[PDB]
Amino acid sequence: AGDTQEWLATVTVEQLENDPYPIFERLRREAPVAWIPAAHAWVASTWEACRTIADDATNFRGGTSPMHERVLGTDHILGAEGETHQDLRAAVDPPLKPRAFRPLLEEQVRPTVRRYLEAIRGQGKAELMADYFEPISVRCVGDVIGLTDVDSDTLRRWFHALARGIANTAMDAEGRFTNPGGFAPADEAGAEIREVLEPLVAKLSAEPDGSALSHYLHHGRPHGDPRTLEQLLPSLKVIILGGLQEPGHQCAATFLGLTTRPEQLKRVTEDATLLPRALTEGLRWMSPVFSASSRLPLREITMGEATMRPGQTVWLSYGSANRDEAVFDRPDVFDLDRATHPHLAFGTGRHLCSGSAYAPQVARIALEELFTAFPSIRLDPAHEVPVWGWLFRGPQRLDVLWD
């Protein structure tokens, strides 16, 4: 145990961001829950540590951190419990259920996908993150969470700024931020978000219209007691971050994973019915919310060498859990035909991702149209694919060619 602690003292936030897999491989073997001094927080790395802490509503509550409070606000849906959590879920869940979104797939999602597809067609090359996956993700999600009138460039800037803020976790032994300037993008985005949402909230609070934000304010509420801006805003920032970022990362991770398996990529491009399985494997293989899910202990609780205390962040590395050798065979490989087993990329239990049904449908349509249009698509050998992050993880660029 002493060897493990000595090694953990050497781990930096930079190493976690740039080379997480060997770190989590060792943690799964030696410390299922471990204190990371560089991040002033615990991290759970095995499947069972993540699942147990995620699910156990008696000993753990929804997570938060000083980054969540700075970037999102204090009382966000991730941290909420009891009636407050059920009220926030009542606000945000209904539009994300299949009964609600099913018509929008062909009426809205596919036309949006095809608009971005048409813009890259004929080039024989693209950088799929900025040119395709991110605009699709932010537009298809933004259009269903009240942000139809925010352009894709702004939505992408917002999610990147908020995600950078959450990732700004370097802290000294006393828990003080060593890079407070890394919050400047999130502060700027937060002010812009509030300036967009505040007038809409004020208008729709008094004159509801059936739109997404109107439902967030009024659904499940007495007439005359709608939710207020501050009751919703931290949770809306949760969604602006992850709702907008994660689907593009699912697409990118699945695309990248497929390229590592040439025969599987070929099979998928010619049989779109395999896309749901590919997309599920993409989430397992490079979980977009790799470790940014979290819980807080409600009482002192010990797992192994980790004695966690109230108020301390326990990050759940679902991405490591999804790479756990005790659960999956050769988890480091993308395998379209992997033996069936659930994954934790959407979490589990009462905080299970509200978007877990909608996101795989956006990603399916995005990849269907891409592979139909460009069956010869491939990575450009003149570029490398930079992958980054341990809290939120995904490819930063996907330079491709096609014939």
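Numbering follows the first chain given and starts at 1. In this text, the rigid core denotes the largest set of C-alpha atoms whose superposition between the two forms falls within 1.5 Å. Compared with the form deposited in another entry:
- In a rigid core superposition between these two forms, 160 is the single residue of 266, 160, 110, 89 whose Cα is displaced by 2 Å or more.
- In the core-superposed comparison between these two forms, residue 181 has its Cα shifted by at least 2 Å.
- Once both forms are fitted on their rigid core, the CA atom of residue 311 lies less than 2 Å apart between these two forms.
- The Cα position of residue 329 differs by less than 2 Å between these two forms after fitting on the rigid core.
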Given for the second form:
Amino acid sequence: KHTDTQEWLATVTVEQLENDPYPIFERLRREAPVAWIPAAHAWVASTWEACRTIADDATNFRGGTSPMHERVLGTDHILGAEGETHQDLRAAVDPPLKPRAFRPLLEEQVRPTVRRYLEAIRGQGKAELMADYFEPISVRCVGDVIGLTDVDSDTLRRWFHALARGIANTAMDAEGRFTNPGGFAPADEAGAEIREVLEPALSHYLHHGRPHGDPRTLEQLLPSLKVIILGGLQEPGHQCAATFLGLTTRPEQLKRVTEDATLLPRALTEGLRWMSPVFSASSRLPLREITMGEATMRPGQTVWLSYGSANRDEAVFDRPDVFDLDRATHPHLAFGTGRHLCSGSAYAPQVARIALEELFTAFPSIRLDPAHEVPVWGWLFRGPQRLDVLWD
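Follow the form deposited in one PDB entry with the form deposited in another entry, if you could.
What comes next is one chain alone, with no partners or other molecules.
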């Protein structure tokens, strides 16, 4: 209620961003590609051009961090790392995620894992695909590829939730001090248990890109391993869910996919563009004063990269709100770009491909259960909250 971009920006709330992000980002792309949102106490980049320019600029921005990220992940986590520290951390975590390295696991581990949960839901006769199928597949396949084959999914899942709860533990006082330190304790305990597991892919972590006499240590690596458990463990499953949901909005395209599995790589890419799971949670911080258009950002301020809005940018895509398997080919920013580009960007679509291959081979008649609704939520991380389905 009032009695004008700046005026409007001051009224936008986090709850509106969480619940109705698309019309907000539609206005932002048009009126303020880099916008300060007072309720978010941060900048948000909404266009393809602004997101790619900020994300790729290794001279004037650094990878994002925050008090919670320092508290939960530890210092020199890979997200906020730059320079030789970042190059070294990428030298540690990237090798097992390259296609030549993970290729044998696809048929030796991933597809057998998928078929285990496929059989589980087959006995059910129907399913809530996210908790019943996509999430267990994602947790197990990411846990395996990063060298935690011997950690059970129940433990990987508890670690994920403890780290997430810690990142969400933002309550602060006027001095910038956390007021709920108890909300970090599950994350602290998770970190201790990860250390307990690893202290006795892994050999690559210590040695790859390092002098044979100077390997890495566990404390140098633990922040970046927690990054993966927090941010990698669930996202292949989220890609499956965004892709499944998008296909259901185009029945004729879903039908085609169920009769031709070679269309799945394209559907999965369009799924990521249509509902980017990491919608605005990526960020950078200015290293010096930066002015883009009318936005003057200053060192230390948070700049969220709304890759999800960039992937819905009318200047790049025609009718970007529509899922379209036959869309004119174009890259997307759902994995980011530049030096911080997702280390899992080659592995995640292969897990998702095999998960959907097996799903549509066994249940080609699969469809959303019309006795249920599909709630969709979030602007930092965005996706469906469940996917109740039926099949013949």
